[PDB]
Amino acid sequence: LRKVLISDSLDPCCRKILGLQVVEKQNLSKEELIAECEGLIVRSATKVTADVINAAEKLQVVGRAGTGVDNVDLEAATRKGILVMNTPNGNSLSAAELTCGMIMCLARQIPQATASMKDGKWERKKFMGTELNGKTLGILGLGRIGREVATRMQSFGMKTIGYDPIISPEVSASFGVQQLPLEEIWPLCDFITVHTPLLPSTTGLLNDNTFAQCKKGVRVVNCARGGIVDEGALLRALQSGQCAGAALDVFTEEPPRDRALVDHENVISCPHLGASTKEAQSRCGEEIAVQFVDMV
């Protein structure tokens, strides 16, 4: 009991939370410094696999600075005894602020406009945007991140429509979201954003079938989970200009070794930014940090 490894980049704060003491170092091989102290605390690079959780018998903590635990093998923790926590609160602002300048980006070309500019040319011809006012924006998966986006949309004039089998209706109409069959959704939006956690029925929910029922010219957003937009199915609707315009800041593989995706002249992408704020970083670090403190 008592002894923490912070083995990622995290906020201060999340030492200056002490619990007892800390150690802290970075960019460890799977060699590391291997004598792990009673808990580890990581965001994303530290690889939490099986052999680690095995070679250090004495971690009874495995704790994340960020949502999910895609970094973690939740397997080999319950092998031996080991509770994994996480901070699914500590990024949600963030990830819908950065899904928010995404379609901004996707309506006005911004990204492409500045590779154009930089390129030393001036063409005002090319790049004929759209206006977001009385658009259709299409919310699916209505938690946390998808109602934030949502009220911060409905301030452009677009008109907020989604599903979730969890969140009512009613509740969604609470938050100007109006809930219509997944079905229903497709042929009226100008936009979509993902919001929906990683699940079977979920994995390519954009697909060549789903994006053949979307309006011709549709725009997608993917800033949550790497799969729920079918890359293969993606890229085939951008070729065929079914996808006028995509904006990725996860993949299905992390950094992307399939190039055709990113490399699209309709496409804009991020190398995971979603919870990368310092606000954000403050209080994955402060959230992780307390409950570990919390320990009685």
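Numbering follows the first chain given and starts at 1. Definition used throughout: the rigid core is the maximal C-alpha set that superposes within 1.5 Å between two forms. What changes on going to the form deposited in another entry:
Once the two forms are fitted on their rigid core, between the two forms the CA displacement reaches 2 Å or more only for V61 among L248, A244, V61, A233. A displacement of 2 angstroms or greater separates the C-alpha positions of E31 between the two forms, with the rigid core held in common. With a cut-off of 2 Å and the rigid core superposed, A275 has a Cα displacement that falls short of the cut-off between the two forms. Superposition on the rigid core between the two forms places the CA atom of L10 2 Å or more away from its counterpart.
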Second form
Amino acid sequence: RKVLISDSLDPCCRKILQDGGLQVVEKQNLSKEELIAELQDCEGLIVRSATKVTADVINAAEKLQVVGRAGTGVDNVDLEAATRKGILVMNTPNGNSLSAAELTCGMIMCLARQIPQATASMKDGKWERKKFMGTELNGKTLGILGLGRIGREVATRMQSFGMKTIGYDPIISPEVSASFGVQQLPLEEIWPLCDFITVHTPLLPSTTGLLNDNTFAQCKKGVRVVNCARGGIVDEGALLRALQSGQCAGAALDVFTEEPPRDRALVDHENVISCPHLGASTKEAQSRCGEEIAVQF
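The form deposited in another entry is what I want next, because the block you gave corresponds to the form deposited in one PDB entry; please supply it.
Next up is only this chain, free of partner chains and other molecules.
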């Protein structure tokens, strides 16, 4: 019957909810007390990352039935406390697919040509031709680990660069991935073939440290790695060791095991390109997530 939008949402969110017969209250940056007070007669709550849906908030909101996040990450929602009260938690990973795939492709191009490091060099007044000699993507092999929507979108874009796209996903059939030009091979056969590796999986026990000391050792010397999915899929200590030896020639990281990362060794490495988790940070993705969460309600 009534939904509280507690973060900054595109007006489309409220209008879809209102067209569906729901009463909508839109407020921003409420204190814990104001949040609890607004939620008393709300069965629904829509957030982005700013609102903290803690155990204290859920337990004080007796009429609450669903917490909806317009985006991917639900670190601001207490999943345990929501499940403790029988509350369902919804999100919109689909709304962020295109923007995350586009950033991943940008990162691949940045690893081949070191555009971020070359800009920093130019801004320091330097003209370093030899230092930034790079590589051509045409004809190189891209290994895509995770063949859901984001992996598929990365594949079709990088195929236009003449990259050979191979990969693996234990959920996606070889017939489905063949339909978008991705040949699946057993995971052990992927490592030695790749010039570039990108990860597009959820973070689970089976995907934690997918890239680790053992799998980096199976890679071609000078592999370049991208993680625009979730911090922890690439083991950060193993990645630093691989960068230190040259086993990994460069890495691009939008995500970290700890955000912001307190260990700065990866961010500070000359062959590491990084962003502060910008995969979903476009007006288009934010508007799409807002629409998708209101449709779900």
